[PDB]
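Visitor: Residue-level listing of the chains:
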Amino acid sequence: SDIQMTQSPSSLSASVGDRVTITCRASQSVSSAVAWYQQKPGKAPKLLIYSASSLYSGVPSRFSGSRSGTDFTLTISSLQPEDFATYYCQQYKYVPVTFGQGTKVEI
Amino acid sequence: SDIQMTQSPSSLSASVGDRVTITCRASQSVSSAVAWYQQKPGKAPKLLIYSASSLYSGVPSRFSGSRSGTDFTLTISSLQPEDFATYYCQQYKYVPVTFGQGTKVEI
Amino acid sequence: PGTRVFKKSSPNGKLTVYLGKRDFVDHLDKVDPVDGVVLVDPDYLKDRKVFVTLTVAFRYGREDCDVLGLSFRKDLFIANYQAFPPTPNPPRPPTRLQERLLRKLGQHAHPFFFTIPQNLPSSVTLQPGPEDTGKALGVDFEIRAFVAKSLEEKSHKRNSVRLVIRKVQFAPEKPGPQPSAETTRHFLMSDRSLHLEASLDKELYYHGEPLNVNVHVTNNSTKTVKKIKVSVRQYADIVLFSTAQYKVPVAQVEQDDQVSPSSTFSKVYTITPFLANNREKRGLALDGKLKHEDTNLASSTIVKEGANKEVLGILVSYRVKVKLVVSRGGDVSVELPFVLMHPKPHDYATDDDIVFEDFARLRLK
Amino acid sequence: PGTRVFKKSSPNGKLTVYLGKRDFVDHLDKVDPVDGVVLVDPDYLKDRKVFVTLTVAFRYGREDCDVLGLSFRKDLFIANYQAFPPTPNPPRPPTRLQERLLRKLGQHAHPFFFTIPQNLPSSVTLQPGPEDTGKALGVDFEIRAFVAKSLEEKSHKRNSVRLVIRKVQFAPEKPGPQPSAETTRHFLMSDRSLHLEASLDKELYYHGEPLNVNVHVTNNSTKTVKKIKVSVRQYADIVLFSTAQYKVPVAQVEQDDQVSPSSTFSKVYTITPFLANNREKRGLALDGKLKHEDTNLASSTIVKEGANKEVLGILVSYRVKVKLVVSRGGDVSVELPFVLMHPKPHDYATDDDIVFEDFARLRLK
Amino acid sequence: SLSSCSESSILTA
Amino acid sequence: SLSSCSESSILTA
Amino acid sequence: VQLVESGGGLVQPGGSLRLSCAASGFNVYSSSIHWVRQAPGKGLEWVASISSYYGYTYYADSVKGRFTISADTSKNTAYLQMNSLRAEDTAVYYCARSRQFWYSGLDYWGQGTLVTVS
Amino acid sequence: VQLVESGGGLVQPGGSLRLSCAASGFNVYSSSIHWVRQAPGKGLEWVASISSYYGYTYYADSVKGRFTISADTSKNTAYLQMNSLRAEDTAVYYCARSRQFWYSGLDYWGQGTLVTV
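So the protein lines, in turn, are chains A, B, C, D, E, F, G and H.
Here the working numbering is used: the first residue of the first sequence is 1, the next is one more, and so on.
Here the working numbering is used: the first residue of the second sequence is 1, the next is one more, and so on.
Here the working numbering is used: the first residue of the third sequence is 1, the next is one more, and so on.
Here the working numbering is used: the first residue of the fourth sequence is 1, the next is one more, and so on.
Here the working numbering is used: the first residue of the fifth sequence is 1, the next is one more, and so on.
Here the working numbering is used: the first residue of the sixth sequence is 1, the next is one more, and so on.
Here the working numbering is used: the first residue of the seventh sequence is 1, the next is one more, and so on.
Here the working numbering is used: the first residue of the eighth sequence is 1, the next is one more, and so on.
Some clues are possibly wrong.
[To be verified] In silico PhoX-like pairs for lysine-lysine, Cα to Cα no more than 25 angstroms straight-line:
#1 C/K21 / C/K8
#2 B/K40 / H/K42
#3 C/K154 / D/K8
#4 C/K289 / D/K157
#5 D/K30 / D/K365
The set of hints was computed from the structure by calculation and includes no laboratory data.
The task is simple: from the sequences and hints, build the whole structure.
Guide: This is the structure in structure tokens:
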């Protein structure tokens, strides 16, 4: 069946200089084939993480992903005022590719 | 290893017109490949049963064998005065062939 | 008395096949049908139907992975049967053995039924040579059972169960005509003619039974006969799409029985084919096996009077040859066919096929 | 921080093989060694030794059961290693990956180590024909692990574990010389001579990257050129004991660019090899697969500057062909070799062998 | 150990 | 069902 | 490298709209072009994908049969043909590009075209 | 059909005795000839077997190497050569015949020759 990807927490508030961690639960034991995207309100999404740990070129080093079994987590070491947007967790191991329901980081 | 063949009872007494049943315990799960021999004192042995149930040609019908798992039994329906001898239980499924320790039917 | 039944289980331990026999006898007019029982748990299959297949295949090489020109496989006959869900009633309601097996096993049992065709060959195996690193070509019968969504679906190693059977023949009750032959070889202008006669005592011989040949020589001519050599030849006729015949000598008897000119001679030789001194010969035909156990020389493949096509697999035949050795040419020989069998117990033009035919013709000869 | 390790287990579950990688890169001077870990319970083989083997084999046909001319298997390299009991220390003490795996698994772990030789071929697969009922010939790498009393002992299906690996190459960092060629075809007596020049823009192209050919024609003679046809050819060279070369066209571009007499012409074409319009072509070389995943066209096989023998397996090469079509003969053509590879990631004479060589020569052509 | 091979069972009337 | 295939595991420093 | 797209707008229900995605800076045989739609006030959703190197096309179960994707390899463009636009098809459709050898996420995106039904 | 055997008697310990078994009424290639000994006051025990059709010979572990069995196929006889007769080799040795196709028990026996050491 289609692998649904559960992404929590859905909504949160943070502050400049704080740590933010977003969890992503895969319903089936996929490999590290998980990518993380960012989308500001009004713009197109933007690739941040691929293979669930590799940082995309040009992305600041504060973004860091990880894998723990089927738990995929996106971690920000030190929040900057540019990081307020919606983050999506996508798996691409099996067709169809499925996106998470989204998480918005807010002040 | 060599398949030891346990034959009991070792010694018994009977009467003309009685039934006699000799058991034979196989130490390993051989097939129906078990033969029964009779040897009178002073003579050579004589084949009675082969394949543990088939009666040898010329043997009176009172002799009958059986198999129950690894238990092989020789049964005499009505003992006649010609049946007083020593009976051997031999397995021939695996080389070396092994004989039972012997059972003597007596008056 | 109790009845023995043969069974084998799938590696996963669920699928199990019960067979009443392993050797099926051919009566030259009908073949003993293959009837069995398949035991399975319906919850294990969910929507996977259960199929059983009877296959006879012309093979080559060993069963495992050979580093060689591995198995050329050509299925001579294929049959498919659906054990579960149940098939329609025919052929007939379940037989007595099937009924007993279902009673023993319960409702988890399912019968399957195969009628082997009459023209299929027997199970024989060509003896591998000492130079080969694997078994040689041969024809064998085999039975498979598996669960799948469709017949075209690929097989599963963990679920399917594979079992080997054999097709055997036994000696006919009636006797045959006396095998005898004669041959003459006259010289340039003399009415005198070299004459030999050989004959057998019977037409059918059991395995290990000796053969008596009554060689009778009438050499009224002026030449001298040096030796008489008697041989037993095995003919293995391989028919895939062309009839390739191969001869193997299995027994020879020679005595220095010189014959004087213008005088007769008579003797009764004895010869016995056996496997003890034939283990180094490549291309020798042997009876089929269920395992790596020993088997005797291949029994002759008898063909019914209605020999319509019958040309498949390997066909084995035997002939006794008598030959007179004469100084400076003048060889003369006769051949006496016979059949060797066990007594009856009391209780497509595909390229690779042509390539393999050429390869076999090259290798065996 | 975390790393992935690959794992496969025996059907019985008591034997497991750990591998740090599945694709081993060749650097044209050294090959990444195959280092792994074998997990076993000593009481399980109370007296049997543990062996692991690395094998590369020239194969044919499918993997399970073909009713055809099944696999001609010809091992090109065989290695044996005794995991338990331990062998002497060399090659070297256990590496960092082996040490980490042993720490993770404990005392129940045993390392094994294989060094792939330099002259072994890469993993490629010939595309099966649309008529054949099975996959075609190819060379692949594979690893086995089993417990046995001796190396010559027969295989054990329930005990042994079988794992597939691959050997891959990546594009060299340095660029090569620009591929260019010329050819002249003069007529009977005139000093005027038909002359064309074609050249590429690079020497190495990535998979899916287009190729630009700069065809320059100087037809100062009196004849008219009708068409220019440009093709990309794949050369699959098979070396077993004899060398057989097979050409497969994979891309063609044709435009009706006629050339007037005594005038020049110049154009820059574009062409791109891909697999979409090549699935029906028999004998097309493709990169090796792990199970049945899709693979691109086979990457070119390059050999070190000291190419001494190196001739085993299947060797792939590509060439761009430019051809001018002229009325009443007068065909003139040039060929431009090039290499096609992925960028580097940045994060005997046995009879059956001759028979198979003849069969392959017949089949592929 | 040994290999999963063929085996037998008993049948009665 | 599914058959016996190759799988993966995690390894740390 | 750009993924400029056009064709969005307003279509009567049951009608048809054709979206075109004109790529530049890369090639159609070294990349696979995907389409992703963002339902108003909802997360992203994948609808279609085309792989011009292998010749395969994939569709979502909710748009299968109604949507047909194709690419003009000579123009380096991809086309999405939508048939029988239902009420739930309104979204913003993004043209995305992912590497063919090998897939490493949708690293390049278009700019979005609004599709509405009524 | 009889299994006539001879050669038994008295042999000094450590010596050698040769037992010969002469068959009649059947053939050596359709049957396999076995030797079974009866220890005094003790049950039967199998010591050797020869199959002239296949060419195989088998021996018991207690008599392996010391005993060699062979058959003269032209004379339709079998021979048992016993070397280094130990103290425990005394028994009555029976020549037995069993079918080759296929084994169905030792349906024919000799008459027994006493061996003493």
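Visitor: Hints first: check each against the structure and report whether it holds.
Guide: A quick look at each hint next to the structure:
no.	hint	in the structure
1	C/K21 / C/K8	holds (13 angstroms)
2	B/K40 / H/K42	holds (14 angstroms)
3	C/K154 / D/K8	holds (22 angstroms)
4	C/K289 / D/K157	holds (21 angstroms)
5	D/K30 / D/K365	violated (36 angstroms)
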